[PDB]
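**Q** Residue strings, one per chain:
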Amino acid sequence: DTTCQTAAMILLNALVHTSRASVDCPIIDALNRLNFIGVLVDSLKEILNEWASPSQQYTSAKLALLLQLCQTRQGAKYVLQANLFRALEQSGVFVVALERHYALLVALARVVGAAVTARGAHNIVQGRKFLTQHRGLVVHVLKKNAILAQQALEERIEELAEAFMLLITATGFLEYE
Amino acid sequence: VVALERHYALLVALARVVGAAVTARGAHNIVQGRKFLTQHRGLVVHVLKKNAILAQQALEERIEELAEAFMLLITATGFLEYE
Amino acid sequence: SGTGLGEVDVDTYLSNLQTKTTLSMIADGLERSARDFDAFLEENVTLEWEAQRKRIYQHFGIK
Amino acid sequence: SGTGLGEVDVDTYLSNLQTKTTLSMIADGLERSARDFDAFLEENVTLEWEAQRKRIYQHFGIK
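Residue numbers (this note's numbering), protein chains in the order written: chain A, 1 to 177; chain B, 1001 to 1083; chain C, 2001 to 2063; chain D, 3001 to 3063.
It is possible that some hints are incorrect.
Ranges of calculated distance between the beta carbons of each label pair, as one might list FRET restraints [to be verified]: (1) B:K1050 with A:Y176: 27 to 33 Å; (2) A:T169 with D:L3023: 37 to 43 Å; (3) C:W2049 with B:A1013: 27 to 33 Å.
In silico negatives: residues of chain C with every beta carbon more than 12 Å from chain A [as the list claims (entries may be wrong)]: (4) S2001; (5) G2002; (6) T2003; (7) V2008; (8) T2012; (9) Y2013.
Keep in mind the hints are simulated off the structure, nothing from the lab.
Every residue, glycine too, gets a C-beta built ideally from N, C-alpha and C.
Full structure from sequences and hints, please.
**A** Printed below as a string of structure tokens:
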């Protein structure tokens, strides 16, 4: 089904969200035991094929959920062990049509950005490789930011530009030079 | 339109140096290439999708070279196997 | 007047109602997720180094 | 006629000549470097897998 999977995916976001407000959580732990996080990271591959349209809105909730798990300290452990760096590489993902394109890059950048700065110095080694292996692309975004559809497009650039900036200061790429 | 063309010219120059370096020695540098694409993921995706009057043609030409630059590093580094 | 003036039928009326409800639910969920993410980023960035994080890059990278 | 008609002076004439020579040298060097790089890429890519390298990505990434 197309609508059941969408509502179910968005439902999990509310469960984990309200659970944190109640440093750990039993909801996120159960998802790992049920092999949900495993299959979820596997579906990240070939995301370009999936991405108003029903398939587009479905992917939004998918990446949105992963972003929430990377905010808690315990999520970095289970999420990092899923080897998400190699999953987003096989897909080769890295006026209104362009706005949707940046929306996908922002969603992925936030998941990776929050994940590295979640655990600590155990994930910085991977962040440096992502910026070095994909260098240049981020440079174009950080320099671009430096009528309705136009403002919406520029807004995504600001979020996208600030997304990588958080990973840089959090990963310590300046020290590598 | 001319200012943007110069911006991509710099990214292409850097991408070519890194792209040719990884595919030069062999499997000793692929470990670094994967980190560069994973740490800077998303940015390259925008370029590879863009390509897929005088100043306009010049700007688009850099996009083709920039898009093809990273593509060479992917196939040479083997990022598809990592998924 | 009556008997139809830019109107619809009940079979289509209920379908349009359901579609509108679904679209509104999806929009509300997206907006709430965006607001929660923005609040989280504001709470995590308001600690310290608000402008230095970008100044270091503006000084390192080409302005 | 004569004695000046949209003309220049020798002190500026030699400077303009030198500037033109320098600009032409820089342009020729840039063009030769670009041509050498293009030839190198053509020689390295003409071996095999001309269209597969992009087809794999078009199939993996969003078209």
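**Q** Run every hint past the structure and note whether it holds.
**A** Going down the list of hints, with the structure as the test:
A beta carbon spacing of about 29 Å between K1050 of chain B and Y176 of chain A agrees with the range 27 to 33 Å that was offered as a hint. Range check, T169 of chain A to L3023 of chain D: about 42 Å between beta-carbon atoms, so the 37 to 43 Å window is met. Taken as a hint, the range 27 to 33 Å holds for the pair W2049 of chain C and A1013 of chain B, whose Cβ atoms sit roughly 32 Å apart. For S2001 of chain C, the shortest C-beta to C-beta distance to chain A comes to about 35 Å, beyond the 12 Å cut-off, and the non-interface label holds.
Consistency note on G2002 of chain C: stated as away from chain A, and its beta-carbon is indeed over 12 Å from all of that chain's, at 34 Å minimum. For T2003 of chain C, the shortest C-beta to C-beta distance to chain A comes to about 34 Å, beyond the 12 Å cut-off, and the non-interface label holds. With 12 Å as the threshold on Cβ separation, the claim that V2008 of chain C sits away from chain A holds: the shortest Cβ distance comes to roughly 21 Å. Chain A leaves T2012 of chain C outside its interface by the beta-carbon criterion, the shortest separation being 19 Å against a cut-off of 12 Å.
Separation of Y2013 of chain C from chain A is adequate, the least Cβ-Cβ distance of about 20 Å exceeding the 12 Å criterion.
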